[PDB]
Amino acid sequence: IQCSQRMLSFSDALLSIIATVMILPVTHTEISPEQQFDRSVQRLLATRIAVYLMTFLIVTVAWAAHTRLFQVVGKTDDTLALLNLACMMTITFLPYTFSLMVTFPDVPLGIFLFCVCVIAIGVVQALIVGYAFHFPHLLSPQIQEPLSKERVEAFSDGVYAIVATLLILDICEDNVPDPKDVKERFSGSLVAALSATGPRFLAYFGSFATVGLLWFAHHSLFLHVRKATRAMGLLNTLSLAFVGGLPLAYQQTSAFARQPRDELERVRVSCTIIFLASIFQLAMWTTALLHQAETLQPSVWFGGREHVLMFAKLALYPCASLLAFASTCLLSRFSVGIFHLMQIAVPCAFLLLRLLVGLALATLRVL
């Protein structure tokens, strides 16, 4: 009999990769220069994004079914670890089969293969449960609504890291200048060939900063959480799903726009994505406050030395994204600039959030 901690961490990493696989085709799409193509190149993008959102959800469901199974199987052995490897293998085929089923709706083979994948997942999990129940010492003591927060944090960590490094992976794979291109199109100066790739570096910088600071807010929240509810789990799943789309937003807001209207639309889309990624993070906190005596540590209750700080940490991005979006409709002429300032101001406000919250709590104390 052995501890199951590391095996479940490995499973979480695999499940994060599998839930985020379908973001790569979305982010590998190109911006068409010919406007005649726009329509088509829009349609495809949408069809990809939808396939991502569904896929990330389906895998997440599997992840949940996993998390819950090994709350019934508290301890592992060699056979259980190997069968869990088998279950991970089966889960790894869900995205491909789902994409196949949606790409060929009329062909019956895709539905058949997706159903076979799901059935195989079920069979492997049944085998695990039967093995554990034939060796009762592998079952949890309570076996011999709640959701394990360790699994939640590991899954979220993996998703955040993938989304943060997505664009640097592409930069390393594709945008390393060729001596040939440097000798033909840039007159021999590698500085020029690298300057012609600056927009992609800007996109990666912005995306990494925003994703990492959203992870910072998530980490601050779950440091103060006692028990994670399935409601909080669904809210986190939605938040991560929308986090996945930040690299695309920053890749479009950094590429060239033929007309200013396009840049304004891009800013609006990016602000909407950030707001969606952050409002569900705030909703986790608000829902947890419904039953604070069980879900939160005493410090972050109504009347604690971390309640207001926590509220600020979770309400910063929603407010700033909403303000930028509003600027796109009220101060349009100064809107694109405001967004850029956000990218600098929001980090600083995190490095001084203690100070800013104290100042705001004193101002209203003298007003």
Second form
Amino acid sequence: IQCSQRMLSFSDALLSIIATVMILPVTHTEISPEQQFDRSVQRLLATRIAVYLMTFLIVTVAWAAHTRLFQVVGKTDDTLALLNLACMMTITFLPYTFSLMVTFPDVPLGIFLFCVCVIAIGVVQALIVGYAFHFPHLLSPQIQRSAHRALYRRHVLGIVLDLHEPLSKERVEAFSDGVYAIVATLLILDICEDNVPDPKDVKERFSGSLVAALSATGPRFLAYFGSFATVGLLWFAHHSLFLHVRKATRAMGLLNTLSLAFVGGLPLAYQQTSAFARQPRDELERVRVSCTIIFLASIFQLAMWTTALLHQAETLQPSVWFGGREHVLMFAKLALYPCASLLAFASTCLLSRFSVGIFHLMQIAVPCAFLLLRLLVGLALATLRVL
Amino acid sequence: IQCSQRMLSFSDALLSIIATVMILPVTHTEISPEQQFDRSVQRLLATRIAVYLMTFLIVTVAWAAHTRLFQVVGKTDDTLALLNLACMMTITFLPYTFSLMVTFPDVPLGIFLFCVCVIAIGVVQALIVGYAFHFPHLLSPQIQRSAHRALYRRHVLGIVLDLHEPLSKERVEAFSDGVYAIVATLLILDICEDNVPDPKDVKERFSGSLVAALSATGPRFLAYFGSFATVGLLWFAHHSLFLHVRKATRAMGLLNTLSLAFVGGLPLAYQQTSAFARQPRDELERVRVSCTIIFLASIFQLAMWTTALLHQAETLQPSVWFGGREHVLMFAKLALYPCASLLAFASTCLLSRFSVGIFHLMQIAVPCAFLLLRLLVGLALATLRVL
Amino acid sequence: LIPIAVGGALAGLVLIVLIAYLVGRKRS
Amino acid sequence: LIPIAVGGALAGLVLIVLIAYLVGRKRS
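With the form solved without the partner chain already on screen, would you show the form solved in complex with the partner chain?
To see the whole picture, the full complex is given below, headed by that same chain.
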């Protein structure tokens, strides 16, 4: 009988991969052919994005169920590890089955297969529940101390077959880290896959000048740079926030899920923004899309912190309470990105023809603002203390 | 000043992704055209495998350097998180630059770029070291307790610009979990990407019979099933082993690196083994390849445990020492896979024409043997106690 | 066109965040 | 052909693992 930490970490890694699987078709999409084949390509792109969002939400629901199930189960043994492996294996099929269902809604086979997958997940979780309750010493201390465990043995089974409830903070952190890491390095995978200069390619087009062939692919490298920087800074904000949380609630979990779902779209936004169009109006539209995606990504982290503030008296560390030693700094740190993204958006309307340059300048502004945030907060508070 | 656990976990996830990036070209390869275009395709395949191995080893070396660097550095702050993000971003380029160098060895540009990447990693790690030693309270308790810290401030810098030394057990676990999770779900990504029946595809070839179109792709689903099962059970063995380790040494780290590098090849082995050939001799060869890959993967886990046994008196938990309560069970658990793989290999020579069926039967035998391992060990020991 | 409308939706989102923060402050 | 030779290399690997285990046992 051993601690279950590592098996839950492995399960969280698997769940991150499975949830974010369906992003690959979106980034691997036929991005931009000239002469505006959009009138027919945009239906495909929108279908792919919708499938991505739906699959991510479904897998997140499955992950939440898993987190609760192994919250009631405290310890692990050789049998529970294998049962959890079976549960993970059956979970891994949800994206493909959902995509098949949406692809062929009229044929009942897809819906039947999705139902089969859900039933399998439920059955395996029920087996885990039964195994745990058949051996009392595996349950969490609270459950096996209680005398009503008999009712819980059926209650949890009924669940597996509200906003104030706790989630596992550790598993929220693990899943969020997995998703952030997958997204940040998303479009370096394809660069490695297909962007190394072919010897014949350089020989014919670039007459053997490898430097010319390399520079021909600058835009995708720049897009990767921007995407990684933005996603890393969003993760930094998330990490700073969650270093100060005592307990995580279901509302915070839902807001985190929304934040991650919207974070997932940044690689596409940057790929498109560096996929230069024929005329600059499309470029302004691309910048607007990037700004709105970033705002949507970060506003939900800010919303999560504000929601936790409603019960700070129990939910947060004292250092972040109202009037705390770092409350102002935390608010500024979480509000930075939404402000910059919103201003970059508004610039497209107010100072349109300079907005692309303003977006580029904002990309450089935000990281430095994060780096000096404590110093700038101190300076601003010192200035405003006597006003 | 806050704990650095989560930032190291995120760094380990990023490093797993970066190290395993170059496997994608191997699995996305032009697997098997009939009439044996191997005479020219095998050079490409071997080049890709060599690049994968070299890049994985390089990224593992970088990860080990990072683990030591943040072993000397104990705590983290807002600045160290951003510096670590910069270090990770610069690390992410190693695979592409190495591939470019190997692709164009005569052109000095690739070698220069690789040197630039290495120098950048070193410079950023030196900046982290300087920042840490400029603020004493961030270092680990041992270093800031010592009075020779002045020498260490230059010593670690000299390192960043032996077998008995300790590694971070937590980071070994995290990196291994990342790699195992990436590999296990490796060839479901492509199934989702390109294996959903196209409406026109089923309409023309299969006359609208979606079931026929689905069954046309059975082999890849079966390959995914086998790959996930094998990799999950290997991870289970790794997890059971490392639940009983007090300290991890550099020799154990090297053996773990070899184990992971050889684990990475299983998806290709299974994809090929389900990529049925024209005649069964090639099938026997494919089974041999799968068996040898599995043996290479697991024998190094067994070797790691045996190496740790040499200093069990300090390295392992008492329960696994010689004569311990679980020593025999641990040995059997780690030796299972090598034995089955070796027997499956030998069958190809001794009982060749039944060897494919024996491989299939072994795939079912191993998981059940793991499930009942404690009971079977008890039974065998009871029988042999009086012989 | 829509850009100003979607910007207004963004403004509404930040406004609900602000009202949540102010409610928390008042509760204290 | 090679199959038996590579199998012998595998046997050598397991043999070095076994010798390591026996050395550890003897050290006790």
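Between two forms, the rigid core is defined as the largest C-alpha subset superposing within 1.5 Å. Numbering follows the first chain given and starts at 1.
The only C-alpha among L341, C319, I31, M54 that moves by 2 Å or more between the two forms, given a superposition on the rigid core, is that of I31. CA movement of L361 between the two forms equals 1.2 Å, with the two forms superposed on the rigid core.
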